[PDB]
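A.B. asks: Here is what each chain is made of, one letter per residue.
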Amino acid sequence: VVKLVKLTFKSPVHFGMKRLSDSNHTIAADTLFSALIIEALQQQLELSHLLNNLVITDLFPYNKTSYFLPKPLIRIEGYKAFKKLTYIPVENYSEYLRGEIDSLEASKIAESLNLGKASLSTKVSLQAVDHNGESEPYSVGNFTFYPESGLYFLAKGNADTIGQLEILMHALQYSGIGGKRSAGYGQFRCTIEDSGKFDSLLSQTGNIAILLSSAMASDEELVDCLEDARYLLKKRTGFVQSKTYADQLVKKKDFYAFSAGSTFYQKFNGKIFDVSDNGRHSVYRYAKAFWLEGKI
Amino acid sequence: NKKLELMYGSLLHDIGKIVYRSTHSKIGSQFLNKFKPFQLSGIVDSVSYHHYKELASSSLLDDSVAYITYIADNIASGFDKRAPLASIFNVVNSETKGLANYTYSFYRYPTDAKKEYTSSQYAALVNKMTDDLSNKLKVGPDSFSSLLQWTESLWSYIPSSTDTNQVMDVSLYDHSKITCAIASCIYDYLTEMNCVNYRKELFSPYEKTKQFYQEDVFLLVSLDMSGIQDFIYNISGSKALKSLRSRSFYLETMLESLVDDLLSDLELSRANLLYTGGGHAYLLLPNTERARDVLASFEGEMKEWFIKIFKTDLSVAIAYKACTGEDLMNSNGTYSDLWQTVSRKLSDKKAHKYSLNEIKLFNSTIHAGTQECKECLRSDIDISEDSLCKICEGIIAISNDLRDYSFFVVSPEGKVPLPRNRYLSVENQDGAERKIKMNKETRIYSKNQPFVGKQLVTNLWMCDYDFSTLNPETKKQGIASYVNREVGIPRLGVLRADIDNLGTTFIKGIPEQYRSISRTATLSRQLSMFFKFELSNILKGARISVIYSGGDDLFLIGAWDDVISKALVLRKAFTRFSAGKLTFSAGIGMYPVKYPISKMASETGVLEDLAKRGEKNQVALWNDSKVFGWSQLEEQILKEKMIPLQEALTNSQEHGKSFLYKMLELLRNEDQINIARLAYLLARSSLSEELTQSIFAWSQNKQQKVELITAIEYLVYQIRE
Amino acid sequence: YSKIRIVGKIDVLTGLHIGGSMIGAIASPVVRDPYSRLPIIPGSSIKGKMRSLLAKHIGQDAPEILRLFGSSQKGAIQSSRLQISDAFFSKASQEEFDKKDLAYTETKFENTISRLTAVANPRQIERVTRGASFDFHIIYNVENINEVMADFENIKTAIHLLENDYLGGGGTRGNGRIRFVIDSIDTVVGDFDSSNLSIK
Ligand SMILES: Nc1ncnc2c1ncn2[C@@H]1O[C@H](COP(=O)(O)OP(=O)(O)NP(=O)(O)O)[C@@H](O)[C@H]1O
Ligand SMILES: [Mg+2]
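Chains as they are written, first to last, in the deposited numbering: chain G, 5 to 81, 89 to 307; chain A, 1 to 22, 31 to 86, 105 to 132, 138 to 752; chain D, 2 to 21, 26 to 64, 74 to 214.
Bear in mind the hints are in silico, worked out from the structure with no lab data behind them. Idealized CB from N, CA, C, for every residue including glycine. Only true hints are included.
Away from chain G, derived, C-beta distances all over 12 Å, residues of chain D:
id, residue
1, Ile28
2, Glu110
3, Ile127
4, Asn160
5, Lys170
6, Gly184
7, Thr186
8, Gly188
9, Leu211
10, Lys214
Derived pair list, reagent style BS3-like, types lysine-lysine, alpha-carbon separation capped at 27 Å:
id, chain 1, residue 1, chain 2, residue 2
11, G, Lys245, A, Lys405
12, A, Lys405, G, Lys262
13, A, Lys471, A, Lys169
14, G, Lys246, A, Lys391
15, G, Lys91, G, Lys246
16, A, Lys334, G, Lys94
17, A, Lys380, G, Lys95
18, G, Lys119, A, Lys647
19, G, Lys306, A, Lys380
20, G, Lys208, G, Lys119
Working from the sequences, and respecting the hints, build out all of it.
C.D. replies: Given below as structure tokens:
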């Protein structure tokens, strides 16, 4: 049961990269899945459905006109325009896979992305000032989406899993996503419905398979999948966000996952990876693979 | 051994040209026989018989390196003695900009005038060569790098061919270096093929010489570092500026070490390194099975090293394509296609950057890593009490030394990690000598030292201009001494510049008829020397610290007025050196002295990106609204508007900054009525009539009101207390 | 788990200058939405001001302050009950300012008479114009039902102080007087009842 979930962000969102100052347009599937797991823990919903039957996709830009998908990593025959290009609309995706898109069209597509404006809010901490100290400046990156634009993701799962996802997303609307939530960022409203265009696009058979989420194969299937594969091993890491994990904030075990848009000739079913060591509970890093087939 | 003699002969095969212009082979043999060390049979025979006619009559042993030198000269090449060296930019972008006539006079700029090198200048070069060869230079396996450096320092602006019919873009040094590289590759290929008799398959049948041209014996090998720009700016502010000055240089020196390691594994000199740009290194290697095995082992070792040290932050991908002599000679139009294939293989290597075992080891972390460094943000490596990683601490410690000293040392013990279980450090001459003595096979890179004479030293161009370091007090102040202004607003200007369509210039700037390894290598050398040495020459008296200057990217922080003025001067000198053709677009930002370095760099990068947008060759000064052309900013603003306003304000005894601010408010109000109020203010101002009319006309029209606003802002910034 | 939505307006009783350039221009421009350019109140500023005022009232290391506004101390990790989103320039106030053709932000000229030379140093500070209303959205999290009444009493005290104490800016010199109007208090998530709960 594929469900497209669109998110319109009332407030600017951090979605920070490794730096707090750094701001990203979107977040990977692991971040959204961690948010869902946190919400399920708060809402006291069972995690079996999310861990087993739920397959989500990296949040992707969408404008007033089209929905954007990550640029597939395929051989192309003005390479700089393609390299700077990051997201391709749904209709142009098949054309890009076939290779009909040229450098001028690639630049036009990259300019067509009207997701939002990235800014760097400058803030201070006055906690030290009371204690005979000095204010500490810091910077929080943010990405203010244009009113029609937002972030969408496809979630595939069982009907019960889809309903639990609906409840979790309804709660996450007010919980928020990304960084510096509960400090004025990350608030959004989500609308989840069946998407005809994505249901048709996913129901395709092609010689190549494109990752729609930050995923990583298990050690048994990596040998099969990695052959003839064009990918981008993105470093996913960070600190654990929970109250019961440890007395203090502890970094997650460093993880490396194939980025969205990576093309594999042989598909692999991703695995929920545990990146928690010496903690009271387990930290789930979502690396389940959402695949889109295509012909090149 | 024999290869050493062949390299010495090939690098000196056309040394006879200089003495003849003061034939190319008959006199060069005598000149080299004058010196005892170079009187070796392999060298003098290579010099004397590198021409086909002399080789026909040569009484050799059918296995002398002279045939290899002759065929290498033929591949590299494929009669006024006073003819000058034509600049590479004469043919670069000749289809669009045109075919200029700029030539180099006897770092130097092409002057476009008609100049002929006098025989007296060639004689002076001849006695310089005699003094260097007789006493300073010597023949040895470790001394050939000194020979190459000496050739680079002398023959860099000597025409390869006196023939005025063909273009004289390729210098004597470039031609000799390419000939030496080709000779080394061909010697290795023949040794692999067990070619005991060179004459049989090289010279004696002309058809077999043509076949050897068609035979695939060379390897165009490109190694590119990925993650460079991320690595440089993967920093926190705490010492960002230092790291900003260091990391780039680090990713420079490390890269050089890389190629040297490769050239150490193939037993080839720096001549085979065709050209190194920003993170890219293109080399010409033999097609031997040993060469390919060395390339594979080197790729595996360097991937392992980068995974061990920087994990996925940095990587190096090296891809090779086999080619024939025809491909290097651009026959059949496959040279550009050859480089296209090399870069396509490089991109395919980039896509599949890691293997199965490496990915599994990436994901098979044992512990969380608890504390992490501030800059690298990595917990796998041990982190000191200062929350700095060992590599990060090494980079920070390097920064100052690399800014001060001049001898980089790849020693077993040093500051920052380098590939083959060594560390880069920066010391003076005495420190470099001590490092050489204590540990043998230790590489020394001399910064901005064309001087030859040190056998175990390779020259390494690097722009390290820092006005604060001129005085110890200003060095202690740092960038804060730049805002130490008794007059003018204390601010730091940040300039970030990038060449526009430089990649296309290397790809398709040179026409098909002029495409060659020699010409592209010459262009790369000139660009690198401009952005390393000539960039330092341009910024001489300015209060500017060059944080880094790559192949095309340049980032420097200094006094705002000095930064703007030197950006204009740099644009003018770039136009002079590139003879039109290449242009660059820059972003200039004004910030307070205590403004964070990361914020200044980010905002200036945004300004430069906006300047690149649309029409290139533009500078984005201060706010984004003020994107102007280089000629527009230099003349239409400062000369046309700012200077007359300064003259009027300094001459008028009844005017001051208040009048300027009133003008600025009227110009920025933009209510369509403030034109009349500005006219009224000018009428009551008792200013110059011509200046009053000029100001009114500039205000009445767009694209000139903004320039007048920019001029007024510049003036009021300049005349601050 | 319950989530209580608190939607209301912040009325600028005196020009609000949150802040956070060109010569002879506003050297301290207020924070604005990067796209719409409308001045906004960062949720960080509201949260910090409320936390500081409630800390002064309680006296931060107090358990109420840590639970309400989040804590990351060793052994004390507490999710912030109060998620105070950025207050945005309300559409009604935007229309009111478009009528009469009034700028959303005023440039207030101030100076600095020194004690030594008696000379004046001028500044042009941007302030959100008086009479502007910001739509503020806050989410309260019910981690413990028993603590909800005490937490809402603390929020009421903080809101009263923030109605008496300026919001971000040089409020001791007048810049930042605000008034809170609580339009609605609803429980978006959960079965909790917020009818009795009142911020003011
Ligand atoms: N040491 C350096 N300092 C400054 N600029 C550099 C340096 N090395 C390379 N550059 C510039 O950085 C740009 C490319 O750098 P780099 O990040 O390596 O991109 P890349 O080669 O395409 N690798 P990647 O971006 O990961 O695909 C070019 O404009 C270079 O001139
Ligand atoms: Mg560039």
